[PDB]
Amino acid sequence: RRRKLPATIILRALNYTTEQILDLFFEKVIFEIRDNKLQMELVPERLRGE
Amino acid sequence: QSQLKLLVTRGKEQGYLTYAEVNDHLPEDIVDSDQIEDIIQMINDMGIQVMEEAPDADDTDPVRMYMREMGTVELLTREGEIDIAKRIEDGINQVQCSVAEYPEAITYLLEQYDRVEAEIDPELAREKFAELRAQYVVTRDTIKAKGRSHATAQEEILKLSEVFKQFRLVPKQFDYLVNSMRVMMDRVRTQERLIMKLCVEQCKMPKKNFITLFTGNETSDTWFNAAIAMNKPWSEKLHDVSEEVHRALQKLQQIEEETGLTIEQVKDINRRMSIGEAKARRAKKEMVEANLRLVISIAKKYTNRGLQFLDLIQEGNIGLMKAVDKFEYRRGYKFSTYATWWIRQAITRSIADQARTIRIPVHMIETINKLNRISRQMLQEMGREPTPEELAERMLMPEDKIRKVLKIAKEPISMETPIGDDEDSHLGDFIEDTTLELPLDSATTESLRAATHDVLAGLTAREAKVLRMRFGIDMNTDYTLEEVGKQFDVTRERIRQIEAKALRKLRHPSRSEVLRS
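Protein sequences appear in the order of chains C and X. With the deposited numbering applied, the first sequence corresponds to residues 200 to 249, in that order. With the deposited numbering applied, the second sequence corresponds to residues 6 to 64, 95 to 154, 212 to 609, in that order.
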């Protein structure tokens with residue numbers, strides 16, 4: 200019960216890099232750059248309410 | 006920006022004064038008991054305008100700030116320490132030699148020795221003090237004889253200085269002499285500053301001319317009459333101060349006769365003395381400054397025993413400050429440990445006395461600790477609590493002594509201690525007053541005065557006065573059978589007879605009878 204700190208600071212204290220931290224809460228989305236254009240790994244379920 | 010905008014925009018007005026909010030939204034080291042009152046004060050009472058006084062006022096600890104300046108290490112090595120100590124001894128030597136140059140220091144020490152003998213081997217005292225007196229009387233004659241124009245005569249003077257340097261004087265002696273010499277020099281510059289203040293300012297003589305003229309003899313009137321006979325505009329004013337300057341010169345010449353020294357060099361020797369003082373003092377200051385670490389490091393072990401950390405390390409600093417005074421570089425023993433003992437002694441000899449409210453001698457403190465250290469084993473090497481009789485049996489003291497010893501322990505308790513935890517209790521609030529008398533008691537005492545005053549009314553003059561004067565009432569000082577028998581002619585037995593007859597009269601009245609109880 201002290202002054203507030205970002206709850207990601209404790210994660211880094213547990214030897215977690217920024218990249219690892221992001222890969223523990225969120226779902227990733229890969230994009231590919233082929234044939235001089237931009238593609239996307241589309242997931243139909245994710246497009247709910249957009 | 007951040008603090009001001011967040012504070013104001015949020016507090017509007019936080020309804021129930023949500024204290025536990027913005028104190029987290031503040032920088033610097035948190036969990037303090039300093040920044041607290043600065044927030045409880047602003048929010049309420051003088052609202053609106055107070056919130057504009059806060060920002061304009063915003064636009095810490097003893098020990099932590101002590102370590103700050105101490106952070107300036109400047110530590111030393113064996114080479115470093117010896118170097119500093121070498122400068123100390125160098126400064127001290129130059130001072131003592133400057134004291135040796137002073138002939139009145141020798142002759143005074145001589146005069147005081149004759150006092151000592153007029154009432212450490214007594215023969216060894218007669219030995220060295222004679223050696224000094226011998227070199228003095230031989231050096232003295234070569235002064236007015238002027239044989240060897242202060243070349244070889246000077247050799248005997250400096251040899252006399254060496255002889256004086258052989259003496260190992262006491263701290264009070266050296267300080268008395270040096271102080272006396274500085275007081276002498278005070279009178280010197282008193283006369284010089286008098287002549288300067290009088291001639292330069294009052295007589296309108298420029299400082300250029302005064303330094304060009306006075307700097308010569310400074311004693312004889314050869315410069316003064318030459319200043320008056322110079323026929324300058326500032327020479328005519330000197331006539332209005334002739335007696336003052338003459339008086340100053342005569343007094344300065346008197347000093348020449350007191351010291352028996354050339355006035356044009358007393359400044360020089362006294363100068364070199366002051367030089368040595370600054371040097372030795374300086375080096376000693378660097379010493380204590382350098383070994384400052386040692387003080388705190390060892391004082392840490394003595395912490396929490398009726399005296400706080402700051403006080404302890406301060407006593408350790410003065411302990412270090414005394415250590416540096418008694419130490420020489422020409423000594424195989426290092427300073428790191430020698431100083432340590434003086435520091436331990438310094439703070440331990442302070443925690444002993446200036447710790448508890450009530451006084452206590454050192455032997456009391458040691459005996460008390462010894463009792464505890466012995467007691468901690470009796471309950472651990474057996475199984476049951478330490479009985480006072482057996483605990484005393486394990487000690488040289490009888491038992492009642494130990495019992496009285498435990499009556500001195502503890503601060504003791506303070507009055508402001510909560511007890512019943514009411515609203516709110518305090519130990520000192522239950523403490524009754526006994527020095528005062530009951531209003532009933534005071535009333536009865538007054539009624540007693542009236543009773544006796546009215547009872548002696550129903551008596552005769554040569555009986556009222558008798559009872560009154562014997563038992564001393566309404567006349568302060570009470571007298572005896574003789575002092576009353578003399579004032580009534582008939583002595584002793586006659587007055588005691590009447591005294592007993594008055595008592596016979598008071599065998600019926602009930603007033604004093606009930607007043608008795």
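A portion of the hints provided could be inaccurate.
Said to hold, decoys possible - Calculated pairs, EDC-like style, for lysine to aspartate or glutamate (alpha carbon to alpha carbon, straight line, at most 20 Å): (1) X:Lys300 with X:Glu310; (2) X:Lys220 with X:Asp125; (3) X:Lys121 with X:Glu109; (4) C:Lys203 with X:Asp34; (5) X:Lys376 with X:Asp125; (6) C:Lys203 with X:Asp278; (7) X:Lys343 with X:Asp417; (8) C:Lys203 with X:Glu26; (9) C:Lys203 with X:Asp37; (10) X:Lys377 with X:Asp417; (11) X:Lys377 with X:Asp37; (12) C:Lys203 with X:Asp417; (13) X:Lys329 with X:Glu350.
Stated by the list, open to error - Partial list, computed: chain X residues near chain C (C-beta under 8 Å): (14) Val27; (15) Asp29; (16) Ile35.
Hints listed in this document are in silico derivations from the structure and should not be mistaken for laboratory results. Ideal Cβ placement from N, Cα and C applies to all residues, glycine included.
- Item | Hints violated by the structure (listed by number, smallest first) | 2, 6, 7, 11, 12, 13, 14
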